[PDB]
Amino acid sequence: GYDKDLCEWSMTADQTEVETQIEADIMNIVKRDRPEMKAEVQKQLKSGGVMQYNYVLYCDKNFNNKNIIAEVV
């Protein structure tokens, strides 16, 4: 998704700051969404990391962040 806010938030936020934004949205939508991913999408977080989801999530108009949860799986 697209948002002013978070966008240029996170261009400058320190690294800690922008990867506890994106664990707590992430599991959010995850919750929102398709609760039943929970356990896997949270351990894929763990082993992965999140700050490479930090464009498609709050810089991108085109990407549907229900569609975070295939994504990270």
Second form
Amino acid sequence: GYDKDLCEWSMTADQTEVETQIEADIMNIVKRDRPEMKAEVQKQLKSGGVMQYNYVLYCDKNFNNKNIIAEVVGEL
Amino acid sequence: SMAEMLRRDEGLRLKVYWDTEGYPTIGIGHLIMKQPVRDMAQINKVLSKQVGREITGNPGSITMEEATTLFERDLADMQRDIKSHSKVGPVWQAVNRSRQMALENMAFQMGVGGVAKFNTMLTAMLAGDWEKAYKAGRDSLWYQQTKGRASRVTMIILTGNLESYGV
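Now the other one: the form deposited with the partner chain bound, given that the block above is the form deposited without the partner chain.
Below is the whole assembly, all chains and molecules, this chain first.
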């Protein structure tokens, strides 16, 4: 998805604030769409990181954020 | 293109962040230092030499143009090293562009030496046994630790196209 405010902010704000927001958006989409993937998503965010998703989530109008679950854990 | 692929997989930062191993990172997966250094004065000093101008701030920032310049240099260094490698090079030359992009993606994440550890996967790719290559890549700890990205990359290796990236 694209959001001008969140795009620039996620590129420039302190890492802890940005990763709190990214993880919150991801986990909210997990709970909405695929609640059983919660444990796997949490495991992947810890082992694989969370900052890298800022571009697809906030900077990319062509990425549908519903697909963030498969972006983290692989094809469903 | 590799820029759009790696921007998706690595994110885009104009201010430093520390990766899962503690290393200071910026741009599209640009490692500033290969130490787990938190010293901002040291980080700024190194980053200043790498982008060509004095970086100040705790943390400081680079421009979008500087992020692109860093990425282009990083990508060329990797592409140079992946062809020259005595084990990964032959595989890269023998597979199509999509599959070269999959190996370049892995090399950008883990280094060419990291890709060289996938002996069974690389041997299978050279033989054209894409199912065995796919299974070897997904058997790895790399697949367990970065599963989303590894799923996308191994799917290229299996299928020979870029559909797993929406292309």
